[PDB]
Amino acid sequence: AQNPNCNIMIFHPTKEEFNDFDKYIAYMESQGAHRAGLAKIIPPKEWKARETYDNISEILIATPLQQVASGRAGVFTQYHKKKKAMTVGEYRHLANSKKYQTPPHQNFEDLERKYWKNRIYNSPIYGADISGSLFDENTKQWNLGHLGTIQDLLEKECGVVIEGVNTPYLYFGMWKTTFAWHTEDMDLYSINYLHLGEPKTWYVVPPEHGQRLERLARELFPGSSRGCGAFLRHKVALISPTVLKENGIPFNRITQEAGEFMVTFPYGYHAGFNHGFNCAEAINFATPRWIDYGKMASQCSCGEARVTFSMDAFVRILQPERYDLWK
């Protein structure tokens, strides 16, 4: 078996290898990349997402989210308080203000220490889940707005035709902005391109060990666990690497820099934080190997977790018992 220790692998495709997206994902998996739950892909040196990021300041963040923490430094939840709309230019200015800017630090490790020590005492503002794309329409390779759709994957594999669409989201971050422990909707893959700005640090649990994270989460957030059989779907729970280590949970970490892709694999729990002002674009996707994970995906039915229009069809076809129980 390839990659038995479930290490995060880093790939450097040539421009020739960067032409066929599906083929390269399959190649990464042939090398065991999926066992980690997360992989980094550094694009060919000749490749660009777009010519410049010069004129993005007029993008609107209709509903910026203030991420307010509760708990202790290594075990906390966050809720999102909606704020008034602001442009990306205004958001960038806010991110660089004295109140919100990245503190002095020695290196990524020092900054990581500061994040876990001090995160809960601040409430950074995140621009999340903004439908759109910053890929130039003429970018032919790894254009996250031009991927084959999950609906077409399901149709090719299973012969069922379903409603629904599949488009990218933009994420504008600042220092300490946080993404909670989660797998993707329907335990899909995701791909994430860091367009510009400061780095993003990721933590990930190997898919084969996901239940270990679930069990720890039930112990650490016992009320939440009683309220919902899949409360990590709510995307509000954080657990630090120190607490994971103390509880013997297998995980890895890596920092993504501007110009790099990350892929998360089916049922790879991940969490992380932004180092400073940045912009990422992400979208879910599927492969034939995903289908069995989609069938097994745990669902929130307490009502807290958002179920998109397109998710409906996934549940209806892959999980008809769970769907009927909904209805």
Given for the second form:
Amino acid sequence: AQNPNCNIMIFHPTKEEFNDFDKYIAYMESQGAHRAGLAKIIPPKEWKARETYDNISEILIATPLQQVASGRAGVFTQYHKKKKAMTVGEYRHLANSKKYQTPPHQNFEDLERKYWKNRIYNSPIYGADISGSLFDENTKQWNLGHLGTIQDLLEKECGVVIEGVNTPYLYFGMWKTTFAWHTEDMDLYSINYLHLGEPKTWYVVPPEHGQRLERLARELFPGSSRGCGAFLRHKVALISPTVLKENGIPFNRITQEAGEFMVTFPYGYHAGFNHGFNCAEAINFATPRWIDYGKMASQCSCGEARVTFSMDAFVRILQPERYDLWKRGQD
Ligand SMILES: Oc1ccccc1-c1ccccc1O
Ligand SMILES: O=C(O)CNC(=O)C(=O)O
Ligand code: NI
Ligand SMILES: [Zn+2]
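Let me have the form deposited with 2-(2-hydroxyphenyl)phenol (5VL) bound next, following on from the form solved without 2-(2-hydroxyphenyl)phenol (5VL).
First the chain shown before, then all remaining chains and molecules of the complex.
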């Protein structure tokens, strides 16, 4: 078995290898990359996402989110307080202000220490889930707005045509902005390109050990667990690497820098934080290997999760027994 320790693997495709997206995902899996839950892909030196990022300041962040924490330094939840709209130029200025800017630090490890020590005492503002793309339309390789759709994958594999669409989202981050422990909707893959700015640190649990993380989360967030059998779908819970280690949860960590792709694999729990002002683009995707994960994916039906239009068909076709209860949750 390849990659039996479930290490995060890093890939350096050639420009020739970078032509066929599906083929390269399959290649990574042949080397055991999926066992980690997360892989890094460094594009060939000849590749670029777009010419420059000099003209992005007028993009609107319609609903910036202030991420307010509750709990203790290593075990906390966050809720999102809506703020007034601002442009990316305004957001960048805010990120760089004395109140929100990255503190002096020695290296990534020092900054990680500061993050887990001090995150809960601040409330950074995140411009997340903005529909759009920063890939040039002429970028033919690994263009996240030109991937095969999940709906077409399901049709190719299972023979049924379904409604729905599948487009990328932009994320503008600042120091301490946080993504909570989660797997993707319907335990899909995700791919994330860091377009510009400061790094993003990721934590990930191997898919074969996801239930260990779920069990710990139930113990650490007991009220939340009683409220919903799949409350990590709410994407509000954080657990530090120290607490994971104390509880014997297998995980890995890696820092993504500008110009690098990350892929998360089906049922790979992940969480992390941004180092400073940055912009990432991400989208979900599927492969034939995903179908069995989609069939088995947990669902939130308590009403909190509330997801895309397109998830309806996934649940309807892959999980018909769960569909009625889930759909009630979506109203
Ligand atoms: O300076 C900016 C102003 C506005 C939007 C983006 C940038 C930027 C783009 C790439 C790299 C760094 C940057 O700060
Ligand atoms: O970048 C973020 O804030 C969160 N991204 C993801 O969870 C992802 O790409 O799957
Ligand atoms: Ni994700
Ligand atoms: Zn729920």
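Positions refer to the first chain, counted from 1. Residues that one form lacks are left out of the comparison. What we label the rigid core is the largest C-alpha set whose atoms superpose within 1.5 Å from one form to the other.
Engineer: Relative to the superposed rigid core, which consecutive-residue segments of length 3 or more display CA displacements of 2 Å or more between these two forms?
Structural biologist: The segment that shifts (3 or more residues, C-alpha shift of 2 Å or more) is 324-327 alone.
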